[PDB]
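Let me begin by handing over the structure; questions about it come next.
With one protein chain withheld, the remaining protein chains of the complex are depicted in position.
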Amino acid sequence: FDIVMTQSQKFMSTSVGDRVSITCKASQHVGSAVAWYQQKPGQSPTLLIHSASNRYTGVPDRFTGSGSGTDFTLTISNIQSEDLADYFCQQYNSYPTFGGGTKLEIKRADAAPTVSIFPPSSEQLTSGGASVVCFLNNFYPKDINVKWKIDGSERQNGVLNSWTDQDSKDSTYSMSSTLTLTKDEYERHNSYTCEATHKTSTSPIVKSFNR
Amino acid sequence: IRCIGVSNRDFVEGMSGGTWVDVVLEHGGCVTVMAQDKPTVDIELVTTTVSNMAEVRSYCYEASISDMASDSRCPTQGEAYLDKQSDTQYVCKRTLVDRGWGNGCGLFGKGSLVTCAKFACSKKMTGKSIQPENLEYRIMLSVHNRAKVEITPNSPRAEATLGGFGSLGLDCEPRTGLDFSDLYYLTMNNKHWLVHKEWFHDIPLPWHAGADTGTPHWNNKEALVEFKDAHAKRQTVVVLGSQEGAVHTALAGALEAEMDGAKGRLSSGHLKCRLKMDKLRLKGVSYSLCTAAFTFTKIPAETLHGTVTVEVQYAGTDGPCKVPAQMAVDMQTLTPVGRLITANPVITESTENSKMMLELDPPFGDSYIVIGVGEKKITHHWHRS
Partner (left out) sequence: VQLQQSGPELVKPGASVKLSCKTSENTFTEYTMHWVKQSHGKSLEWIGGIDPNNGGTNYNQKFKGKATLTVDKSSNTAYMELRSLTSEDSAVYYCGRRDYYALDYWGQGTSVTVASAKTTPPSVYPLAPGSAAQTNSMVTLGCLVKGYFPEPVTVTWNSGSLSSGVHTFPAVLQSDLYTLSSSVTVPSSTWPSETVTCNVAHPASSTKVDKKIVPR
């Protein structure tokens, strides 16, 4: 048979210097045949705890494993920025099974987005394409609204938005917007603007350029 | 007096002059073999022994558990094997266990495991056999003093001497008499038994063949050894504790046996004999007849075989003398009718008032028993069936 490992917490929030305790519940008895895994975004998973409470090489004593029978708790003390990741459990009593995963989010101060705007490259226009790029680096919290203005008038189509994960240092959010337009359509206007509304400002942070 | 209160008796007769009688002999019985002008005789088979009983088997009823191992393999790694597997002093048990990253295996599945242990015996009980060569019959011969003889099938000739009565010869053995072809002499602690072959051969315990020497070789050792619950590399081994009571409960019946010492006595016999008594001499038909009188100190009582026991008391210096004792229907005068079982009786104590018992075989119907002669003679009436 197969053994379900259940982590009720899809997400879990905390700040620097606090303590979090992720709970993994095995449906069947697996004794102490449990391991934990940290996976930072973009990177591959790593062994933290094994044997259910014994931690792997390199791992700081901030990370403490525990539990027996069916319930196991991974406890991270003195949480740092770089601790943000997905944390998985895994029984190896029978056929290996992993937990659903638990993302550790970090909460902190509210910071302003560092908006930056750039016209389409000369190399791109030579191919009839023209994308205007609007960066918004290292703000907090995550929720943020950006509005593209071409000569005053808003443009809702041709835009692509991508948010990075929470950073391993400042634990903030850098997001990206990309207004893609035809060379023709692009050249029919002069002003170009992105309007970043956020909690850290009652008036939208505005960056622009002309021709 | 012999055969007076003995139940299983047999007053078998005999020939007068020709010394050949059919004498069957049982354990705890009697064969009152009278004869001619010779003293009446009691042949009783008392003992039946058996020495040099060879061991057929020995069952261990309390075992000791010794040094033990546990060889395990990972899945897809082959089978396990220990040092002392082929060792006959070891009992082993192979099984398959859950293996994975938990135990110490890279792969998940069923890994091999074999567990062994060394066997010892704390207490064993022994079953020995019974050969006709073993058997030996101690036999008592009395004048109805009493000499005892022993007939070994390897030497079936005996000769006893009894006082001034001379001697009795003896020659027996009916080949396989009461043949114990089956039947084992089962000695446990110190208590013994006579059990049946089959029941013995089918006993749920470890066992080895003959005697000992240098460590037996018990078979079916897993009768007292249980392998309980494996793990990955450790499976447990347990002994079942002493099994004395378990046997006791099963042996609440079997014909117990006694012994002393190392020689085992059994309650059984049967032995056909052909004895000779030429060297038998009454005692002295030169004794003078008793002149004085007698007295029925015990009222003439009947046996269960039909004969009559009679007790007299003699008031006379005359002794040692021959007792005048007979029976008659005539009474006038005055021949005998029946016969004496205690043939040619004699008072031997000298003075004074000397007692004596007598056994007589009365004729069918009315007869009178006479003790003494002429004046002051005792008479008593007696009917038969």
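For clarity, chains are labelled A and B in written order, and residue numbers in each chain start from 1.
Definition applied: a contact is a pair of C-beta atoms (placed from the backbone, for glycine too) under 8 Å apart; a residue touches a chain by one contact, two chains touch by 3 or more.
Participant: Given the contact definition stated above, which residue among B:77, B:167, B:242 or B:313 touches the chain not shown here?
Facilitator: Among B:77, B:167, B:242 or B:313, only B:77 touches the chain that is not shown.
Participant: Out of A:68, A:127, A:182 or A:201, which touches the unshown chain?
Facilitator: A:127
Participant: Using the touch definition up top, pick the residue from B:106, B:163, B:204 or B:245 that touches the left-out chain.
Facilitator: Once the missing chain is taken into account, the touching residue is B:106.
Participant: Touching the hidden chain in the full complex, which residues of chain B are there? Just list them.
Facilitator: 74-77, 101, 106-109
Participant: In the full complex, which bits of chain A touch the chain not displayed? Write them out.
Facilitator: These residues touch the chain not displayed: 2, 35, 37, 39, 44-47, 50-51, 56, 86, 88, 90, 92, 95-98, 100-101, 114, 116-124, 127, 129, 131, 133, 135, 137, 160-164, 174-176, 178, 209-211.
By definition in this document, only the chains that are shown with their structure count from here on.
Participant: Which residues of chain B touch chain A in the complex?
Facilitator: 98, 100-102, 108
Participant: Can you tell me which positions in chain A touch chain B when the two form their complex?
Facilitator: Touch residues, chain A against chain B: 31-33, 92-96.
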